[PDB]
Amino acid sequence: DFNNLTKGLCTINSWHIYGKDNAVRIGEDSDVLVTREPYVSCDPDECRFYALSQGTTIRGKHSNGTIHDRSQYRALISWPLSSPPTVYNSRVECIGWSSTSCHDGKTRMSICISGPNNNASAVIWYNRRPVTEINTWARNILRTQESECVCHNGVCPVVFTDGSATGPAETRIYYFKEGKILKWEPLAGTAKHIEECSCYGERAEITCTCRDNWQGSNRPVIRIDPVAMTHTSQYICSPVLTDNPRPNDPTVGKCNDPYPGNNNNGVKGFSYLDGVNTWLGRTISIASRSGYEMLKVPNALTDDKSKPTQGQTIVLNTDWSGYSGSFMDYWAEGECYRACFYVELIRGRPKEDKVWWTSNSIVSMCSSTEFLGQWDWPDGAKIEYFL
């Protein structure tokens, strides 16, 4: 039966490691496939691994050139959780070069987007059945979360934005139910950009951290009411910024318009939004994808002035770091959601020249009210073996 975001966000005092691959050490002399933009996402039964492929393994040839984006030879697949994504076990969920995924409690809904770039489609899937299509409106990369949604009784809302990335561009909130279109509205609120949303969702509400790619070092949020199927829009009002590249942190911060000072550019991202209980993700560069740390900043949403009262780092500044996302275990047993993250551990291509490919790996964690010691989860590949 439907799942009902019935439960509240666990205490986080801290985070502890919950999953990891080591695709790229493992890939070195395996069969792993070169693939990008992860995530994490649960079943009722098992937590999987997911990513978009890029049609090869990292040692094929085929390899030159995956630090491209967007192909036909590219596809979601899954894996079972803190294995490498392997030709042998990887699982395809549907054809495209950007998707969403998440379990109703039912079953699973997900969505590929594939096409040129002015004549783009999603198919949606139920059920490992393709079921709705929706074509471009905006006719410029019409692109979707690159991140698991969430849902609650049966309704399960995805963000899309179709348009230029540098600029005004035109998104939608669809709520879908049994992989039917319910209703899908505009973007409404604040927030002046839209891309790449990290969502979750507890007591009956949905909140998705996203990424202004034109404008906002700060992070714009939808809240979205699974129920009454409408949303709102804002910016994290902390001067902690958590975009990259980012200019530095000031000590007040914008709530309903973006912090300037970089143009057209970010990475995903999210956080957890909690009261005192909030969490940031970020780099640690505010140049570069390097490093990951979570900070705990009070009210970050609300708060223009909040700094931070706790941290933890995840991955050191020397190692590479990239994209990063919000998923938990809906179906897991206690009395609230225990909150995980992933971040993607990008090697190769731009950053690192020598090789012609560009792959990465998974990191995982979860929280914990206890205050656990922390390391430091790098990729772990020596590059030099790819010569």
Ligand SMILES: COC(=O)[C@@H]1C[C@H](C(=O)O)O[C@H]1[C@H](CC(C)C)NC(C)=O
Given for the second form:
4 protein chains.
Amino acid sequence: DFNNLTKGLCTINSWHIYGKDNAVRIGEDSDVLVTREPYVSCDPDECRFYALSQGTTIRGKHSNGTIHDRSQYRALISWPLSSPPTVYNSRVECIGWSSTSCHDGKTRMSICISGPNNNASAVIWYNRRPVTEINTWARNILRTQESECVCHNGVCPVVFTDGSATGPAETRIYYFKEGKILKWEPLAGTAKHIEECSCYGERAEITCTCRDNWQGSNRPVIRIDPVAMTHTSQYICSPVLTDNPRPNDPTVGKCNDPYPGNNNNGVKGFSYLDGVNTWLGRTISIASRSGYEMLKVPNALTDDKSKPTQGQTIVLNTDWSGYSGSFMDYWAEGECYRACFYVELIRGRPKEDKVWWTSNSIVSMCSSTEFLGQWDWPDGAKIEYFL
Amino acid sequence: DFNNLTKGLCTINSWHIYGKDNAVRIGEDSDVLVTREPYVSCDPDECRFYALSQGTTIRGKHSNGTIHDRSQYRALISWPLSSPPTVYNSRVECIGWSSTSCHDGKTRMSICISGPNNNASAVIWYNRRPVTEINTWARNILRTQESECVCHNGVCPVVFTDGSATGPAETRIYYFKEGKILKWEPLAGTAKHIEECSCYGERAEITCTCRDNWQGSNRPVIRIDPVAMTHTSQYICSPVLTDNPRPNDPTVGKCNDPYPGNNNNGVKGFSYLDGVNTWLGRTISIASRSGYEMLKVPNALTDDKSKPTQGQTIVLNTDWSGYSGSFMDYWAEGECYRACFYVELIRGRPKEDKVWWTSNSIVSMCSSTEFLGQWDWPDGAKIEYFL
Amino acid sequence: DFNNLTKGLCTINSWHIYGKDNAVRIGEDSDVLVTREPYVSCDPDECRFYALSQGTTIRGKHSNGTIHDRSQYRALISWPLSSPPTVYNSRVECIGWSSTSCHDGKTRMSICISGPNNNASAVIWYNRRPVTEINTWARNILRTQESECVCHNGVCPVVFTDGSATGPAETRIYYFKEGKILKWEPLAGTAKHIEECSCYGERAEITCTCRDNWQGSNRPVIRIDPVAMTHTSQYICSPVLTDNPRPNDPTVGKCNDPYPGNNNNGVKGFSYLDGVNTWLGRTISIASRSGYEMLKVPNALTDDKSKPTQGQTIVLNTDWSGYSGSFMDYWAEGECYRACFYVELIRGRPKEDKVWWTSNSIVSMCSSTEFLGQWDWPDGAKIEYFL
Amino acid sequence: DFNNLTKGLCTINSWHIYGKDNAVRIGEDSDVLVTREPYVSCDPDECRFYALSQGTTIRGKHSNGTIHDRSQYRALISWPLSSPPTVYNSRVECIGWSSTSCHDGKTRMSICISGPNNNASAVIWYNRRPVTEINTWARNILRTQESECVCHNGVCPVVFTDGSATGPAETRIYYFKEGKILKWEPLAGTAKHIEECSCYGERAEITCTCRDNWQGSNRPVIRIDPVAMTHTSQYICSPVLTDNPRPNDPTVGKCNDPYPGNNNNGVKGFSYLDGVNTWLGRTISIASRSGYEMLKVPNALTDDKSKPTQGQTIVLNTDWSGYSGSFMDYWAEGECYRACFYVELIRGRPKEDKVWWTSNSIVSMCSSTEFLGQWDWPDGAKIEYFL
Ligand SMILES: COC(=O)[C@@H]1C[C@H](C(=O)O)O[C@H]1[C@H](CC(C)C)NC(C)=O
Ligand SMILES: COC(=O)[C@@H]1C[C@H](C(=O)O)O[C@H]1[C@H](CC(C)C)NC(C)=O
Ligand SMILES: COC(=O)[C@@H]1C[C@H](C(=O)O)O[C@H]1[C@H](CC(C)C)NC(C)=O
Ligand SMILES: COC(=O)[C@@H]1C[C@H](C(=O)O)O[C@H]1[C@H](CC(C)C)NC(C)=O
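Starting from the form deposited without the named molecule above, please write out the structure of the form deposited with the named molecule bound.
Entire complex below, previous chain first.
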């Protein structure tokens, strides 16, 4: 049967290490594919790492220029937890340069979009075979979440966006079931721009924390109802701004508008909005994608004045970070859903340009009800060795 | 039970990306085997890429001279969809330099022919064990389809050819069932020469579009009946000639004779003859194997005057193409058979001779009922990196 | 159902070769991960090699400095028996720099501890998903056995230690069941210091032979009761001292105190205390970790005067050895539990410093009731080839 | 249930290609292990290649000196049919420098012998776990078949030899069942010396064709009865001598004595003694291990004057050959047992000494009832590329 979001989030008193692949370190001497936009996603019997390959190894020569986001050589691949996406272990889910993937409890739905900027198309795969296609509707880079979607009794919502990435665009929430479109609706609510949504589900409710790439430094939130196939948007009120770049933390935030200071930019990110048990993610730097932390910000979603009451350093401020998304092993044993997340430790261009490539590692963690000590999880590689 | 061709072809209003392995790109730095004559074929629980290995990696030194078609080091290998045929992932189906393979719904039948030009032999494997052998009957390079065959209630027809490749030869249609020969018949119909057939089945009918290597630029078609174990040959009337090389498109074509202009040459190819829902494949160039397109030519099979009413670019005219064959996931969910095909993106010799090898990548697509945007799918490699 | 320790140890009249991976030899030309602290552990349907990867290949450049014990790039990996821990075959059980792992008959429990020296945390995984966490309690390198634990009717005891490694510390015996803590107790008995325990079970009794890293050269023994969840500590009376370094063998040993001569040092080790059928392991050298032997010392556990009555050379005195732990295929056929053990053949730093790395191979053997001839099992590699 | 030899041999009117791995070619650029003494053996659901690894890749530096037969780094490995024994695909069955392996229909029994020349020991594994050990009985290199054994209703006979390899020695026929010794008997019959036996079974009878390494150029035959656990020895009467080196073919051969001309040497080999349907194998050269042929010698086993009535070239006289053994897919479909065999194409030392290694490829073929054309199957590699 299809998995149903019947549990709530477990209490998050800290975060324990869940997974790390050290792909860039290892890939300096093994056949590791170049990637970006990774994520983690579970099936009923296993969890795996996911990402968009560049169709080349890091040590390979075609790794030169992998700083590019959309090429015909990209594809969503998945592989064994905490292992490196290698040419021999990676499994191609589908071909494209933007994806999302989730398991409905019975089987998996993976979606890859591919094509030219002005005329791309998305293909929904279910049970490893293509079932539905969706053509661009705004003709300007059709794109999806870049992280696991969430299903409920067969329904798996997926947030898409088509149009400008620096002004109003056409965002849509699609409701699929066995790869077939049951219904889709345009973005409603007060969020003024939706990009790469990070989602999670619990108690029949799916919460996606995305990124306002044009005006907000205070990421938008899209709360979805998988049963009524309806949703709503907004922002995280809290003054603890979580995008990047982003102006410094104010004392009050905006709930239904983008908090200004930075335009036309940002980084995929996530959060766990669950009352007092609410945790946020943010790069530590406000200027670039470096260092990453988790901060317990009670009621951030609604308390336009909320500040951290606890936190945890994930990646030091002197180490490279990047994309961060949420996933949960919905098939795990227990009375609740252990909240997990991943951080993308980008290496290479643009920041480290003595190499011609751009790749990343992965570090993943899940919540603990204990109050555990922390450690920073760097990619670990030495660009020097790559010169 | 054995799968039965009980559906018709789905409407083809466009073509979506199905698979791509970027083997030559990746193989520049990983252990990827040298190949040619690839194809795609599905089982009830998965689909895979297939090809004739050269028994050597691309970066390997024995890759030197892999421009040769028949050596004792060749063999039909299959591997995971959209992955590169590597030394560690490729599975040897059988040994030979010409094959065909299909699944009857219960298990798979793969056939490899091997041996000296004047005295080769074919071996039919069923359920991964050899069952039947067939010796040359014309003593001049025994050869098969080079792409998936099609079964119906246990019967899987396979088109063979023995004799000259530049004049009359002995072509036969064999009817196997569990690897055993039930019956074989000589080529009947008006087709004057049959080489490397591309087939597909629907509504108890198997249609193979082959290539008249000696006189036709307008590929022959062999329509087979798996129940009555009888067939018939002809050509595609349409003036939209689909072989290569080939003279320019006339206004009227030949239905029961080879359309002249080019002799003793051509390229394996496919087509989907289904009334108005009829689609053709052809290299874009008329001189060499470069660029590839799909064109909706209603009734091409019977309308000796038919012209394109719609089309789609698969590979740009400035990129290398090659062999193209048809396959369909006959075990997919749905009311019809989604038509798919693959294009072989040959790299190396003879066209690109600064390297001593000849290999290829793979790009595969299946039909969509939507009207999707297009993108060209190049191999992606840079021979420069290989020097 | 959960496996139950219902058999006794088979008679040990000699030791036959069980497993060897020649990872350092092979890894000189293949992608083999750098490791340390290996072990062997069985499931109901297979046995595998285990170890703490360094997140890098031996030939890789990040192998430089792998002499370090705790980094964020370490992780417990398992792979196919007698094969080398490669980047493509190794499976990540969990992330950390100290582990233990056992199967309760139904599924496996693996534990990895990770973090900064002054504030680490342990994570218990059961059935491949995290279930329980345990924070440092003495704030000075939380650590576990470094070898397989043993379960009984669902209960799997694990010996931990936190605090100084050169003076009194806090050792605890935890009793888990399906990853959940049922109960834990502090170290009782007369053992004055517990480090890296090697355990085995038979007839409802679990016996762990650990290492007194601060004062004893005569390793301590912790006998555990999985049903009553109670234990007891002591030392091996025998004068045949089995740690390293260690003073020369006296005529009488200590039963309830550390036998002096060497302080603040040692090597993980094991033993089989079973009446007259009692066998010990020890490096042959008394100065460093080189050469390894097995010696039948009847009643060593209680006979403060016992001497060898038989023995077997495992690794010559002129070859590098290291850690040694016990495991038994508790799911094997037969009336008893064939005692097995592994020896870690460390290569590289500190002893062989012309290379910048530190890795190891593995050699494993199990007891025979026959009286078999012996052979020494060297790592086999040549550091010269690595320069 | 256990497989039972209930069929007879199919008629052998020719031989078709079954398997080839091109390991040395491929291994010039991929991580292929160095091996010798290969063979092929089937289980109820698959067939695989087997051999004794050298614990190193061909391109690896430890490949230097792999000309040696017994080292502590050797081990019996098995892998996917027609693929190369790679570091990532090879599976270690057991550790040793002499093996044999067969499947009784329920599970597999593999045996590896290891140790010093004057005091080795054999370990019998059943269902992948060690069960029985057997110590040397003549104290001079304990050794087995080097090719698949044959079982009947649970009983799997294995021919061993201990003592001189150039004079009388102690050969024994062991009868195992689930790895346990049921009974063993010393070599009886008129064969004066037994080494590396090649066996096959049909109609409750197991026939092993071995090699008289001290006096015979006309290989001995040991016919075994798996039910009565009794056997008998002899030689192949035929004057078509099949060992190597060997004097030229006489007109009459010896039935119960070694045919003289060459002493203290030979090559593992096989044959199919089945009345008129009797086929022999022999290197084509009489001086070294080069070229290989199959010859239909009716009644060779009993007709001390029999000459070839038909034959087939397997490997040309100008290509390297070596060991040859028999195997049959006893679980194949059909009314008879298709006779198969493998030839070891040794490369490197001693013949080709510009390299410091010694490895091999594999070529395998099975009988056809057809009269198929032939082709020679060379290893394919170019030692030049290895310099
Ligand atoms: C696959 O490429 C990415 O994820 C790129 C990576 C890049 C980044 O932020 O580093 O922006 C993503 C881009 C987002 C817009 C908002 C700039 N999405 C697509 C589909 O092009
Ligand atoms: C395996 O080799 C091929 O597929 C070769 C490849 C070559 C080509 O067209 O590029 O012709 C094929 C040849 C066809 C005749 C018509 C020239 N078939 C065989 C079995 O030799
Ligand atoms: C993973 O690291 C090890 O096993 C190290 C290896 C090192 C050795 O003896 O070679 O000591 C272990 C150390 C033990 C104390 C007693 C010195 N344990 C930890 C968790 O740091
Ligand atoms: C594993 O080594 C072999 O197979 C060696 C290979 C060598 C050969 O003939 O090339 O002789 C085998 C030798 C046979 C005696 C009769 C010389 N057997 C053992 C166990 O040492």
